[PDB]
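Before we start, here is the structure in question, set down as structure tokens.
Apart from one protein chain that is not included, each protein chain of the complex appears where it belongs.
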Amino acid sequence: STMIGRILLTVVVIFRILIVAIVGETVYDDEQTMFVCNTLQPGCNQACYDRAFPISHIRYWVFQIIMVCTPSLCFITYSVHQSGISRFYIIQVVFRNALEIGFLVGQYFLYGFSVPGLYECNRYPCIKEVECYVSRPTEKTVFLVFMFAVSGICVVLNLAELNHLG
Amino acid sequence: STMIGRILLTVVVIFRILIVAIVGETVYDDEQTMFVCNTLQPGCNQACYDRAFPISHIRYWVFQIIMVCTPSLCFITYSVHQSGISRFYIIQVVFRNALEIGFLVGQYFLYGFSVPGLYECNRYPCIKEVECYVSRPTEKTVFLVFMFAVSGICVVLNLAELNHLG
Amino acid sequence: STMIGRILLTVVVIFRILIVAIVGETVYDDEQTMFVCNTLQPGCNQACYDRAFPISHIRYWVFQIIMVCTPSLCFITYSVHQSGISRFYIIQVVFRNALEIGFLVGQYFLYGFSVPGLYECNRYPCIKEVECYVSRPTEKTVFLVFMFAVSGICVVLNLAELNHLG
Amino acid sequence: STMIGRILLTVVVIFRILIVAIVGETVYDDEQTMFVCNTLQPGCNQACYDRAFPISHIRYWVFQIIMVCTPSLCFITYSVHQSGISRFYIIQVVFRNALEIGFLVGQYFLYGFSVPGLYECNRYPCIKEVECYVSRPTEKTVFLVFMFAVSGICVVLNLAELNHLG
Amino acid sequence: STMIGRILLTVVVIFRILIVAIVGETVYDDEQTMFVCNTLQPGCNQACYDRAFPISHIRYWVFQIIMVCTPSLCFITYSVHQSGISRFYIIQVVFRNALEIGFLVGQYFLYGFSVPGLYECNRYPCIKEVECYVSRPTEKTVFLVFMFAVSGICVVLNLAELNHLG
Amino acid sequence: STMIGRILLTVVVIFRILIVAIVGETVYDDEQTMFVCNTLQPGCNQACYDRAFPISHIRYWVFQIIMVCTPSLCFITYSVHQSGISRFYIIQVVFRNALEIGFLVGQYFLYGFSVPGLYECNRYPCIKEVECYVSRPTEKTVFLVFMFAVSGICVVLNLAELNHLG
Amino acid sequence: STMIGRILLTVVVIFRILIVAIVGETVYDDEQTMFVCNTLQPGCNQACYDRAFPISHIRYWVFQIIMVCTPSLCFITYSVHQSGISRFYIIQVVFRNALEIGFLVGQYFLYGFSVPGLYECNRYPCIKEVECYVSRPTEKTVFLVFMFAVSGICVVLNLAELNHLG
Amino acid sequence: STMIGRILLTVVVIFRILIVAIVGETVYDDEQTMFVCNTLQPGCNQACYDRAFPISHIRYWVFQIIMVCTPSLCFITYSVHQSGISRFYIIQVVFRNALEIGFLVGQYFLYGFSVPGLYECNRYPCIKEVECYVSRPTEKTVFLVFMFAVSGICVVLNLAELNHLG
Amino acid sequence: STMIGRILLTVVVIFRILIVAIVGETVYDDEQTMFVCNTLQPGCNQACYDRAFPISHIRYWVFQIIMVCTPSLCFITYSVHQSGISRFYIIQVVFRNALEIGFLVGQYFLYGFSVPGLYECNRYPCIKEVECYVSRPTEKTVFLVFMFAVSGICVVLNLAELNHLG
Amino acid sequence: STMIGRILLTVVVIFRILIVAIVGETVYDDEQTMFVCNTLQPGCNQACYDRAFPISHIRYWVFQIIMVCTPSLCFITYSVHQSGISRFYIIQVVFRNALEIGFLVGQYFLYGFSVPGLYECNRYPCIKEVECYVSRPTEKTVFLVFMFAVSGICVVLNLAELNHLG
Amino acid sequence: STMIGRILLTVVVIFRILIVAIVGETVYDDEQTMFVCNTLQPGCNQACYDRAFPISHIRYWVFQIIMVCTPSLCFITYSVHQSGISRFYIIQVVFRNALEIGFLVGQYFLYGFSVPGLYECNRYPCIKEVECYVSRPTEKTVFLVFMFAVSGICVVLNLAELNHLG
Partner (left out) sequence: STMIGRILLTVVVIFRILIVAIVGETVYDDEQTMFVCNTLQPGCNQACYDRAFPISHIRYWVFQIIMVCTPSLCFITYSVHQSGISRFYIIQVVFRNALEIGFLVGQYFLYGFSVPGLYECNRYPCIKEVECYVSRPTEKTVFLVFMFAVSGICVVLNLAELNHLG
């Protein structure tokens, strides 16, 4: 039961990395070039795009992927230098759990579960409130939901192993 | 008879991967930049493109290709860790069959068998119904048909081997 | 006499692959962006480009190159698994001959021997007949002729070897 | 206590390099193409962009990363040629400390801690003072703060080891 | 005297390949996008660009570089299969000489020694004669002269060795 | 004293190559697209850009870097074929010195020490004198000064070693 | 009672003529230049304007004013030539009554009682239905109502006099 | 005292007519052509102009001028036909008083005492509220105030004479 | 019976003159400014407008009106100079009849009975056949029919009087 | 001496009226259409034109001309009704003097003695200060000076006659 | 025979004046606004229009009409002052004949008998020869022919009377 858990954790991690690396950089390529607002005021598109999308999804996901692999690198560097291992194993498992729960919660609080097609903006230099229009909202919603599901699976598996060792 | 089946399955898989990887990313590059509607309303092109092409073909095909190769990776990781194999062989064959039938059915239900040159749109902020025009419809239809044929071949071969073991 | 034939077949194949891979992808890059028609009708450029160039030359050539190398891959995979060879040699030679004659005939029937600078279009939504103008016709004609010559050489050589074994 | 310090220094360095190399080149790609000023004067955008952003952040960070790794390369080349080592160790540690403090101070003096959305320009050929608008200010502020934090960590660690040897 | 000739021939060949491969593809990138004619007629720019630059310099140089390295590949493939060598050496030297003289003569007859800044065009659909303007003529002239000089050196060296063996 | 000189020469050479290879190709990417002149005459921008920047800095630097590494390649090829060495060492040192002094002098005579923001042009088809505006002048001035400093260091070191052997 | 009726009929007629002659020609001056439709199709504005306003109000009113004054001119010309008068008086009164009732009914059937701000058009070459926008609708509605009121007064007065003579 | 009142009434009336007739038609000529709103929506300018200026000042003033001269025309036509006069004098004086008070009150209720430079509009097809800009507001305010003053003088004089007869 | 004929002829003539003089010059004012063709060719609008409307209706009608009043002017000038009259009366009646029949026939042969909304043009410099769109076709058709009716009435009356004298 | 004064006063008045009436309305016709500011802000041209030219010169001059002729009209109407004259003569002379001095002073205080070619504007919605450019400044300055000279002559003459009667 | 000649001369003169005065000013109104050349050079339209139409037809015709009526005015002024007449009659007849023959010859030499639709221009600043397109050529040709016919009639009549007196 604990044998397969490691195999599936490794497979899930590699699957997530591959999905992010091969296709995600090209859904977001035209994010700002196809963003448009109904206005004649210079500079309003810049302010409204910046307010609607402060940090792009793909940047957040790359950062999370890199940060959740640091304890393994630390353990490897330690063992390489060696040339209390069990204490290091315990601590790195604890740290990985904490990091993955923090990142999932932050994703939920930053983005939610959908990307709408319209946005209402009231930032200077825009006069009163203006209406703006988003590029590719459905594909981005699908990507959001898929990433949340994968990260949930990973959280479940790591809690499984944590309780297995105890 | 069962000897050649493995060889042809491997050759078909590699052929499909090569065709998708080398040329497909450059037919779809201008999909939205050359999409145009007969209108003077800001934001109508975005909504109508999003409604006509919710998920691009190339994204779906990359996802399918990656997902149909996961049982092999699991089997490899298991055997590497080992350093009931036959039960694993049976189960992974079953899973591969199921995954490939599901993906073929989903392709048929999402896209059909042709890409038309005109599209009729009635989404806000467009006033009533508008007419829009697609880029490269014939090449995309050819690509659709070719991919369906290859996936059908793969389904047939996997059912062949499933019935061979029994 | 039969000794040099293999050497020249290998050299011709590699030469063709190199020419296609290094330069051909950048002659066709601006094919649709520099295509223009004399009209004020929205959507006419898309329809007329699609009717003039249904499948681009470079796509056809990549497909042909990949498909004419499949019998070798099959033979290699068979011999690797082995770890009636002569029957396989005979059959793969026959298949290669057939495939290369089919592809050369199809090229002639799809494209002919020249690319003209003007095109006359009568597809909806264009009103009556309109005149359109092509990008880089002379270079594309040179490329067409060169590829036909190379494929003819390959056909001759394979028939040579077929008659050598008999 | 001195054992883990080396491991964490190596991990911090690699983390910083990865973050800069994978994502940073694509936040700054549209820096000048989406810079706009409220004016009808030709040449004012060029002068005002040049005055607002004399050296781009990403250029400065690449230069710093390369320059802080030179003492290690020198030590490696020396030891390779050898085929007073401790004196070289002392000197290279001193030099690394000095270089990293200089670069952090220079960053603070060149850029500060935020990127504002508006800029006020009074350079020829602009008539009197004009108002200009920046692209992606929030993401760039986040990047600035993150890089300062990482470099501070590195400074602390190197002072730690310097005082450890004494 | 014959010892150094081989060394310098190899060095000249590698130098030419490096110069062509690293920088030449980016001088010609904007060749047609920055070509402009004084006219209001649709389609005149396409015809006049095609008449002024039938085959681009960089295509011709890549083709020549690849074609002048084929005898070496043939000799290598022959010797590999072997696992009258002197007759092959003689013949391949003769062929290389002929190929390089033909390519140099063709360059002179196709392009000459300079690229002018103005071009006079009288092709349909242009009305009478029109004036057009070229991008980056001085850099292209420098490149032309450099390539002619290198190819002349190579011709001299190969004739040297031909007369050395006799 | 002569021991460290080799180490620092190697380190300086590698540093220069890295700086040129990683960042320099992307400062100059928009050199002509953001060049603008105050005029309504077609073709004036092309002529004035060509007169202001006959050969781009990055082309000159790549050429110099490649040409100053040829004597080493010659020496390596000679020693490989061998499988009067000191005479070759002397001669290649002399040649490297000469080449580096020539390239530094040529840089000074071609470009000077700064890139101004305005340029005054009087070339046909421009009527009388017109005013044009440059992109990113400050960054290009910084790059110029840095490259001059590095090349000066290299000249000093090579003269050092020349006088060391005598 | 019959004495004042003539005075008020003359005053009403002159008032109507003055109102039409002095101001009405300048409300309708920009009728077609400020008519606009939401479309990119050439020729749609012409067809939709023609369908919305077949005959302009001011043309109809001028025609009516001229046609209702013809019996008086006939009577004057007859009396001038004379140099059964009562029969002519009776007949011209009858004719004036008939003409004014016909013109009022026709106005009601052609135009109604209001001018709306939006118009829905489905005429070739417009694709399906389009939305168009009118200039100065409120002023035109006020003018319509005023003219109907005046013509009603005139009808009442002429019936009064008709019944007075009997 | 009653002698001069008639003279000044006649002079005031003629002065008002002259001011309206000679200059007023050319202040309002560009009223709609120089009206502009900050928006990209087709048809918003028409709706907002119509809502801001339902009836133009000059139309109202022409109508008032014509309507306040009708009792005199009636009296003249009566006396001409005659070829109880005092009763007619009394009645026409009463009617003139009433008409002029009504028109002054209506002016105050329709327009007020100033024309502002900005207008806030919320009419379909405009999205939410938009800002629009008026042409020549100061001159129009001056004209408004002048006309109110003149009409007040006329009211005072007519009440004077009414109380004089009693 | 012959008494009223003169009265009605005079009334019809004056009515026709008034209708032409007051309103007709302002229906045709925008005839060429609102004429548009679907094309990108310079000069095609001029040629197609000239071919569709060689002589404008209003010019033809003014010419006809002036030419049908010349015999009266001749008779008046003769009688004024006098200060065989019946022979002059006969001849001028004959001439008026002939002139009016000729002008009516010419109108029918030049214009017909309707003005269509579309026109098909094949004149140089237009490429093949193009489609063009007319301004105000319905109003112009109404005007055509009205003018034909009036001229028919005049013809009938003049034949009446011709047969009356005999 | 007093005899000629009346003749010259009448001639000066008529000359001024003719100059204003025949040419002045066509210098000012394009006053706002050729007014332009260096800005991209919608509505700034309207505000800056309104602030630079609150009341146009030609309006002020027409008003002054009409107002300085009212005492004569009053005197004429009085004498016509008569069908103490000297008291009326005295009073009207006094009033004319006062009116002409007031109008000359007001002209000086409103406009000064020149019209500059540049104007500096700081009114909302313009951001900070902008530069604007005037149409036909020299002709307008000449007109200003001429009108001041004529009005001065008239003032002198009226004071002459005032002191003549005493 | 000589009696009717005067009557017809007077009628022809009045007819010509009426035709020129009522319609001719509105055929030529858009002469330069609808003149267009195929070029991108600023100022070419002005030069080519000026070279194609140095003096407009309508200016020449007005001048001729005014100049051919001067002898009558002279004779009238002489006879009015009188309050050798036959000598004046003779001389003015001679002068009128001469003036009308000169004007007809000049018309033929300036304009010919047709107005073509295309014009070929080679004036600075136009580069080489350009093609331009004329407005309303057919109507202008008709006008030309009509005016020549009328002037010929007048010449014939005046020679008739000259020979009548002798």
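For clarity, chains are labelled A, B, C, D, E, F, G, H, I, J and K in written order, and residue numbers in each chain start from 1.
As a convention for this text, contacts are C-beta pairs under 8 Å (C-beta built on N, C-alpha and C of every residue); 3 or more make two chains touch, one makes a residue touch a chain.
Participant: Which of these, D:40, D:90 or D:98, touches the one chain of the complex that we don't see?
Facilitator: Answering carefully, the residue with contact to the hidden chain is D:40.
Participant: Looking at J:142, J:145, J:159 or J:165, which residue reaches the missing chain?
Facilitator: J:142
Participant: Among F:4, F:18 or F:40, single out the residue that touches the unshown chain.
Facilitator: Spelled out, the listed residue whose C-beta touches the missing chain is F:40.
Participant: So which bits of chain K touch the chain we can't see?
Facilitator: Where chain K meets the chain not shown: residues 32, 42-43, 46-47, 50, 54-56, 59, 62-63, 66, 70, 73-74, 77-78, 81, 125.
Participant: Name every residue on chain F in touch with the hidden partner chain.
Facilitator: Spelled out for chain F, the touching residues are 38-41, 127-131.
Participant: Just checking the interface: what residues of chain J touch the absent partner chain?
Facilitator: Touch set of chain J with respect to the missing chain: 3, 6-8, 10-11, 14-15, 18-19, 22-23, 27, 30, 34, 36-38, 117, 131, 133-139, 142.
By definition in this document, only the chains that are shown with their structure count from here on.
Participant: What pair in A-H, D-F or D-J shares over half of its contact pairs, by residue number, with C-E?
Facilitator: Among A-H, D-F or D-J, the interface that shares over half of its contact pairs with C-E is D-F.
Participant: Using mean CA coordinates as chain centres, what's the chain B-chain I distance in Å?
Facilitator: Spacing between the chain centres: roughly 71 Å.
Participant: Listing for chain F: what residues touch at least two other chains?
Facilitator: 42
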